[PDB]
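Peer 1: Here's the letter readout for the chains.
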Amino acid sequence: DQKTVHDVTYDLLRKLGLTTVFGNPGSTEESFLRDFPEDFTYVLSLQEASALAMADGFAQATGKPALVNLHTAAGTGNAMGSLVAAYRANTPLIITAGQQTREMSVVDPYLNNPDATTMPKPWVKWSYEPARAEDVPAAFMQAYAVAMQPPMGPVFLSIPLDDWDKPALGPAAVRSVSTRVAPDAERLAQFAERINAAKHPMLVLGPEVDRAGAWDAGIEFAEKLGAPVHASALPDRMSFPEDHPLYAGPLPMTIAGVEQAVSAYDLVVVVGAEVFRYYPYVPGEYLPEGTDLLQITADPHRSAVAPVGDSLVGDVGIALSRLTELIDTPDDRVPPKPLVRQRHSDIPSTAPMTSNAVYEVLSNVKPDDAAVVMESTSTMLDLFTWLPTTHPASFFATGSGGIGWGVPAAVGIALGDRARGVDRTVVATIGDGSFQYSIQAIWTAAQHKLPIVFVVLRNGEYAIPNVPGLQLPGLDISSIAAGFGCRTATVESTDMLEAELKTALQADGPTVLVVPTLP
Amino acid sequence: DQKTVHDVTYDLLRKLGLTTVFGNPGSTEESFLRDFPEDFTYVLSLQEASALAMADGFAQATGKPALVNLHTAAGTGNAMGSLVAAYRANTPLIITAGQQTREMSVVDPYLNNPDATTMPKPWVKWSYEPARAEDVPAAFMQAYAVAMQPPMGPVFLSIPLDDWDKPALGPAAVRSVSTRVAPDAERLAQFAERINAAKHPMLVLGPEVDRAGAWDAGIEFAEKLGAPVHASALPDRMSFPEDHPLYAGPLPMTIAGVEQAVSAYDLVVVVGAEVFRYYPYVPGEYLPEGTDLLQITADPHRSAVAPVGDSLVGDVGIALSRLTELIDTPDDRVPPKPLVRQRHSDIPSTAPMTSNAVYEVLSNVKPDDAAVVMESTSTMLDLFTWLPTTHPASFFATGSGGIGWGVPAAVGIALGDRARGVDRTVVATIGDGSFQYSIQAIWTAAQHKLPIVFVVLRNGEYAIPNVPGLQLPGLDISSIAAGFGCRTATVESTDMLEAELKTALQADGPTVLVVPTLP
Amino acid sequence: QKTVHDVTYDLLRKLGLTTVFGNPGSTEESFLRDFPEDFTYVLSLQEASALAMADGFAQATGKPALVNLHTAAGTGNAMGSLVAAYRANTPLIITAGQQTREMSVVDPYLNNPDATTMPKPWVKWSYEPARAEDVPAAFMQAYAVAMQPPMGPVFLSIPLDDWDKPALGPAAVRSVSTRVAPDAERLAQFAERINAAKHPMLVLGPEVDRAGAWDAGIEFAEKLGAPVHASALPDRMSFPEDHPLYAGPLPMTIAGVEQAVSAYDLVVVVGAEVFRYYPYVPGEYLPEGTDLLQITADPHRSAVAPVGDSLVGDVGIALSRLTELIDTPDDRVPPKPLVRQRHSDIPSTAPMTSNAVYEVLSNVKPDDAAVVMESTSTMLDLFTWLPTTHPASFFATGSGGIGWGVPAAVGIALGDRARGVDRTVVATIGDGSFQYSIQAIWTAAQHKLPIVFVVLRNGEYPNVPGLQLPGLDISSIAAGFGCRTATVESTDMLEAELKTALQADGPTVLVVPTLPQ
Ligand SMILES: [Mg+2]
Ligand SMILES: [Mg+2]
Ligand SMILES: [Mg+2]
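Residue numbers (the deposited numbering), protein chains in the order written: chain B, 3 to 466, 477 to 531; chain B', 3 to 466, 477 to 531; chain A, 4 to 464, 477 to 532. A prime marks a further copy of an entry chain.
Please note that a few of the clues may not be correct.
Now the in silico label distances, taken between C-beta atoms and shown as ranges [to be verified]: (1) B:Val108 with B':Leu328: 29 to 35 Å; (2) B:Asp37 with A:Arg343: 53 to 59 Å; (3) A:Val307 with B:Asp334: 36 to 42 Å; (4) A:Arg345 with B:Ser178: 52 to 58 Å; (5) B':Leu328 with A:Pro480: 43 to 49 Å; (6) B':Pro302 with A:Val307: 33 to 39 Å; (7) A:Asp110 with B':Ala306: 22 to 28 Å; (8) B:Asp117 with A:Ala511: 16 to 22 Å.
Hints are computed from structural coordinates only; laboratory data are not their basis. C-beta atoms are modelled at their ideal positions from N, C-alpha and C, and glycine is treated no differently.
With the rest of the complex left out, here is chain B:
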């Protein structure tokens, strides 16, 4: 009748709010999952890359940590790609895996996970296997503490399967931690003074802003400062309304490009974005002479690696509210030149159509409060042109740039919306290559009847001389989708796209719309 480690750990998890587990069960996790409490929810994915990316989307949508459970070394390993994405997104995930029993692990038995704590390195804030069964509950509290303290991120706990049935020491202590630190006030005041002195400042608001819930504070600061506001290149979140008069669009993604974009300004203020998220290499100066840079981030790693600038560490939400109070109202600052999207319509059109046609049709039917998930690199321009983000927490893309994230993340986001009482649709625009990586995640969408519309752009190739492995012939994506239980159609025209979109928006459960598009 004594409480076991299992009893008191689930009791702690409930108090912490960790009542949803994403995973794929195996033998080494049976003692953990056995007698799963009735008020907890287990979300099954067919493959671990999907489980962890789903948890990532869930955690991001709920603004709360999520628990993942993986099958020893094999399952942990399958999730390592999604782990990089979660780590780059600063998502508070508690990743657990079963481990062989302490009674046999010394002989390295079948499905042992030797040196388990090394495996997820270097992509976790913390990796741990308790020295004894009795500390499993405190280890969970600690995992939550590490994950949730800034900057947030995933952690790993390996638990020998025999631990769970051991007598507990007693109830687990329930702790709470700082999820924010504030900027040093004296340094923040120094930054404000430098900002007041600028003649031609520019403001960059990156993904940390939306993740801090600081959308409104960013707007209030941006409007007082009166400067043009850029977003991050290659954003995994969007943190400032893209229809705002001050919006100047995403930064370029190269050194030379950013150099040229900032050369008009005497000061760049970067809040919640890296300095800078560069992708392809085009040589230049990180910062052109005559342009100074300030950086504000909650992640000391991001200020540490910055090639240039003066930085400070602090929650970006606190920083923005405070900066608003500290800066002067500029004297007659000249309104930035409005951002103009080169829109032209390719509607109507028959399949195969341009990606430009596809995104315009989407913008005509997309509900105003829908969330957009993006995983189609060849079509970023189309998303920018036709689907501006105008609400907080309504745009998501891979934290790392690795694909196979958006499909399971969409399932996680919709599960998250349902848990937090938000009624909206998730629209995911995914390339056909990207769609294949974690295609099995759509089964979970169908199983939970999630309002997700997956719009798959089928052009028969990957989004990239004589390079092998780019072509994707011989895929009937509708059959696969139907096979996994999703509603589906292959669209023949912009009219059919529009009509199927309207039907999908009203359906119970997810739909996969396959849209043939041009290469």
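Given chain B, put chains B' and A with the ligands in place with the hints provided.
Peer 2: Leaving out everything else, chains B' and A with the ligands in the frame of chain B:
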């Protein structure tokens, strides 16, 4: 006109025989894959877990190392589960990933893979990123050297994308290494003396024997010794003919079970198997009093972790041939009690049928020289009963116990058979849960028109109190298979199974046969 | 025309990293070549001493310091000191030479393969640049990582051919946050919880002194009016031990601390671990009815706490702000000042008790001296006779590992001299501890540092082997390394030799025969 690192590295790869690359291409790998030589082959998989497991099967079937190419941290991470399997199988894989350019990596740009060498740890023999572009070719030679020296295993090389276009130092030196070491002759002679002295010896021949090409040598030794011959529990390879009069079947998979199985013997000789591959925990003595143990393995890690016994390190093929010469012909050794399979027939039967029905139908139609790939844990007894392995290199299962291996490994094995000029069919029996993990691999089978028959046992659940996540409703596996380009049928009876099997064996290209079976 | 070497030293000068501690070897030659005239190289005879000396120098100056070590071998020799620097949150930039990129692929002699793994898990960051041209930016990055809170050591491995390559241009000079502030809203909740307490108790730990928050701590403590404990096993002391609210160090066991807090309804832990336990004696971490708040600059220390609600933030900022936030408590009947049981063993002949030794010390110790302590067995005597009354005036090993105090004392004195603080360092070191890093006293002699090493000689560190230290003439060893020395025969002679040592130029080693205990 000067040779680049790219020129001379592919020249070296060709000389080494590394002319097939398994992977999934990305931006950070473009400079590697560009101008891919015409006589090389690129095998595309839709997801990295599949790419690496496919390479694993290819390498095992060809008896030669294979090259894998993965997309920076994201792609490396997606493959980590299959990496554990390859590492546990001692498969010589050279795993490479692209890395961000040396011109920008210091600022941790998008898709950088910081501390890349730590990531695949602890599941590689060696992990390396060259200190300069010019050493890339020597680093490949070294990767091959480490992978190929005993015990074989996978290695990891991370290559900054800018390296490939740098001027080479000159042609790369071509080296060759030992792929075997021999047992210390004086210690092996000591072991032979101990064997001569046994009154009731037993012999265990594990997966290293088949991987060493030592099938015949194992038979010759086993026949001279006259002892019963067990196989490994949970075998990833089978190394001794299962229809042999001396065959006593696989060992049990628990401590108590093995204890009881070996207690009749005064000496257990374990060649090329772990001591012992235990799975579930049932307490006992590793070795009962009165029973001694000798262990011979090419992997010092396996002798190091053994709880009991005297061991020696050496190639198992060399050891077996030599032991044959060293041991006495036993005087009138009593023939072991024959192994009797509890066969009873459930043919004919309508769907859903017993797994016993399914495997008997398979045994009636399976070509004698077919390879079997196994990934259906709830049906190991059926495989044992109806599909004995009677040829070398004709049985394969996951190295680690992690599922999602057999489907892509089957594709790799068939590609391997085609490369090495062996004409045979691969029959893969896969559970429905297992089939989902790396389901996209079947697209590669269809793209290369491989003679693979995937027999999927659909019982609606995973092969395992109150445990969540075991049920798999709402999957139409035929639609998915057809969607990926494979021939397919859903069988309704043993008659239909037999007929579809015969049709599949004659088809060009793979077939997925979905067989409804009982829970 | 400018090389990587040129622009890196230029950047280091601008960062203030102008003193280098180490012992140079072949693989460092290219780094140290043409060492600029305005930089200072402090040589130690062994690497453990070099890093611990850099630790003390950085703690004393309140600035980062650079350490340069000889490839795998030299880095390895310093790993024990690295643990101490890492536990103390000292911002040290540790560099080591590496074999040339031209050869390292063949694993040549003195190569350091997988260099970045070696100092793990005891650095915040470990790195070997992907190319020569990134070396200057790597140094800026190392500074950034070490200096951002919580501070700590980092490791850079530099292939020896990198230094002579052409630089890309001047290195960008960046500045970073060295503090974050508490979340104001969370701090305000903590303040409310403090106001609601009937009988709170305050713990002030080593972070407070490292943040220069001695005054803020006094101000807050005096307004709250609660008893004030210090950390067990302190590496710094942050609150005057002659203050009327001072209750002494916490016990060092679970059962002990459980008992110590049981009178209080709320424990407020600022800049101390929760809690620094050493021997195991079982209990509950907190008794029922006692709650705990924890404020630390190190997220690791809040993460591992077994109990409590915590927040992360600079402890100086938190203290100053808490003072403004809490109520003025009413009806103050103040806790009575701590009464130490003091009974003299003076005068006395050697071998004397440590009780005698410390009282003699208290009689002659300059009021503004720094104490460096490494004698676990005599902590009670230090508490009894040598209370810490000024900020930044007590130092002991960050980790618990011995061999730290001697080199640290050398670095502290060099740091005082660098920052223009005129004071004496008094180090009280057991005779076993004095041996680990005894070569460090050579650097003290070489730089003529005002350090008085008081070595408590009792011939030991049961039944456990390896505890006996016979056949050591420490006085002759010290003189051999160039230090003034004396073996004292009585309290009178101890006192006399102390006065001479405090007046002498350069360090003195006083060997004091003490009774075992
Ligand atoms: Mg495409
Ligand atoms: Mg099944
Ligand atoms: Mg002593």
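Peer 1: Falls inside 52 to 58 Å, the C-beta gap from A:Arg345 to B:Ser178?
Peer 2: violated (44 Å)
Peer 1: Does the hinted range 36 to 42 Å hold for A:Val307 and B:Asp334 at CB?
Peer 2: violated (54 Å)
Peer 1: Would you say the C-beta atoms of B:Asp37 and A:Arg343 sit inside 53 to 59 Å of each other?
Peer 2: About 57 Å separates the Cβ atoms of B:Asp37 and A:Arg343, which means 53 to 59 Å holds.
Peer 1: Does the Cβ distance between A:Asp110 and B':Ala306 fall inside 22 to 28 Å?
Peer 2: holds (24 Å)
Peer 1: For the pair B':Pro302 and A:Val307, does the Cβ-Cβ distance stay inside 33 to 39 Å?
Peer 2: holds (37 Å)
Peer 1: Indicate whether the distance between the beta carbons of B':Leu328 and A:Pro480 respects the range 43 to 49 Å.
Peer 2: Since the Cβ atoms of B':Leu328 and A:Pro480 sit about 47 Å apart, the hinted range of 43 to 49 Å holds.
Peer 1: Taking 29 to 35 Å as the hint, is the beta-carbon distance of B:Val108 and B':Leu328 inside that range?
Peer 2: The hint (29 to 35 Å, Cβ to Cβ) holds, given that B:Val108 and B':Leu328 are roughly 33 Å apart.
Peer 1: Between B:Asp117 and A:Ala511, does the beta-carbon spacing fit 16 to 22 Å?
Peer 2: Distance hint for B:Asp117, A:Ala511 is violated at roughly 60 Å.
Of the hints listed earlier, those the structure fails to meet are numbers 3, 4, 8, in rising order.
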